[PDB]
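Here we start with a single chain on its own, the form deposited in one PDB entry, put down as structure tokens.
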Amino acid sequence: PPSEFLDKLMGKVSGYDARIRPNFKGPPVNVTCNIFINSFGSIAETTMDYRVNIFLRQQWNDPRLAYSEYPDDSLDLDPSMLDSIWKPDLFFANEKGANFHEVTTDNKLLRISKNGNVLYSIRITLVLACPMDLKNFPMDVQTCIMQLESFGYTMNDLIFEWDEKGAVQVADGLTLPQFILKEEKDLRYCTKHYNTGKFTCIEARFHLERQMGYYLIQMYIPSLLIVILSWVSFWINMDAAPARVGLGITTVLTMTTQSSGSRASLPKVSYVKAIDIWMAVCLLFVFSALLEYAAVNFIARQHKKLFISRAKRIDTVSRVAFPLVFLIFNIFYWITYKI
């Protein structure tokens, strides 16, 4: 029958004790890790988090769990008897949360080969955390870290290793609303040293690039709109204008309110993000409109024919000057950040 073989091993007779470890008082046991990414979640910028759903596979060779009476190789087992094996401890350092699923049954896979190799697959959801540098907020490349350690065992007992081929496998068709996940991923070692001792650790890092599509429509084009709109003052009327003040102020005021929304979603940071310098420099240009007019207005009132001629002369010079100086700022700003 099927039943005795399941009972003969992993059973009270000739007892397999889960507490002890494979190759006890001997060389450290090798663990090979594979990760498959089912879905990549929302990267909420406010709380430095990104949700990841993965299948985690661990492969190791337990010499005790070996058989030769059954000729079939790699027989599968019920996930309901997983309690009586040695399983290697594993945890993610950068986590903030984790859970299993338990939809209908226990979503775990156990596979035992003839020699003793064991494959163990678990479905887990992770909310990891990523340090970020927002020096150039609209045009930036970010790095996300996946880091695996052992909690209760040192390198004299347990060592982690990455799989030789296909270590991290992205599901086909995965795409993010605001990030492109580059297919080049770097795998490196980062050993943890604490006062208790050394623990094994592996690290896989992803690179993400942010595209400038949404920001142009939402922010840059309305910001470029106002400064052009404020420019109407030069040809709107002659020097006699209460209205010329009116256009200038409402453009200045709405620029500040648009500034608040720009970083409202983003986390507060001391350093000067590249999005601020665009708004701050553009803020001066609309601000400079009123100062020019008051200089014009002052010249007009100082008449007590040559004075009036100067007032027009100021305008004509500045009609050509402002497009020129704005061009200089526009070419310099975009070139340096793209490079």
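Heads up, when I say rigid core I mean the largest set of C-alphas that superpose within 1.5 Å between the two forms. Residue numbers count along the first chain shown, from 1. First, how it differs from the form deposited in another entry.
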The other form holds:
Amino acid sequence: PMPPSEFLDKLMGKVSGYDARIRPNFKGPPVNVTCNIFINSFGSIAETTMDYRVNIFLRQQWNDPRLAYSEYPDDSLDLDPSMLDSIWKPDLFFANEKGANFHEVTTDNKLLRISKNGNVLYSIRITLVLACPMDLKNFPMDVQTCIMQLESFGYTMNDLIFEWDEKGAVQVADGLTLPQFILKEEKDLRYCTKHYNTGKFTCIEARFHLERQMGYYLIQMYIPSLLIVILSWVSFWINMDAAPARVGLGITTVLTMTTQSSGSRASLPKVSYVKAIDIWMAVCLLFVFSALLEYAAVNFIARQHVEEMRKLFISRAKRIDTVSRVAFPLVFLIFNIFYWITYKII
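Could the form deposited in another entry be shown next, to go alongside the form deposited in one PDB entry?
Here we give the lone chain, stripped of any partners or molecules.
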């Protein structure tokens, strides 16, 4: 019989009336293109740019009655991408591309196969740099929702409808791990149908819920902001009434508390609102600034001066050091309980 590439030329080229510029079922019902993606790679989720890079296999299935052969004995004719400009393909695009490219190493990484009844599978490999608005109200404990939406660009709703297939519309690779996030298994699949002044265009989208790994910030952000507060509590014991060294422990633990406060937001977007790591680095700034402010209460009370008025100020310069030495591990411990319960509920 015929070879497939010679048989598929006479099914399409110039003699069968197949025109690649005209959609299937023309002047009839719209073409129902069904889609599913396979995420090979994921990540490099930046926050200065608020974008993330993904590497997908975009599979598109539709029906084309002009490609429905009947007499050839096989069940699926492939088509290499040299002759891929000879069929109709849906004009899918991503509504938040922000730059994207194909992969064309050793061959155009494109797949096409045509069944007997006309079902056309079309799988391409794309690298996307998708845009998602980061919501950083509770920054080390947030759950980001970064989406990707697949629209049509030229055909309206009465000509081309996108659908997610019911048999697992988003597959993820086997050992896909992210360095900072984890990809949750439940992925929302909903519609995003756009209305312009040109017309109404089809749109489908998949949500990805990206929960952070808190274990990094619990090593660099929280514990070196915890030990500086303990280091400011050393000043309550040194020389117990007055020294030129309690000031040096009161000055210096505000410096590296302030430097770490600016260092906690070194590679973050300049958001207007206050976030979760800001109400930690400003309350633990308050517990290390009140320690030097506590000595200024001591060295002003104890530097006041008959026979009765001698010990009456030392009795006010030891009660200020046996209460402010125990009440600060009560106020800081009741803040540390109210903080983490709030961000466990939210």
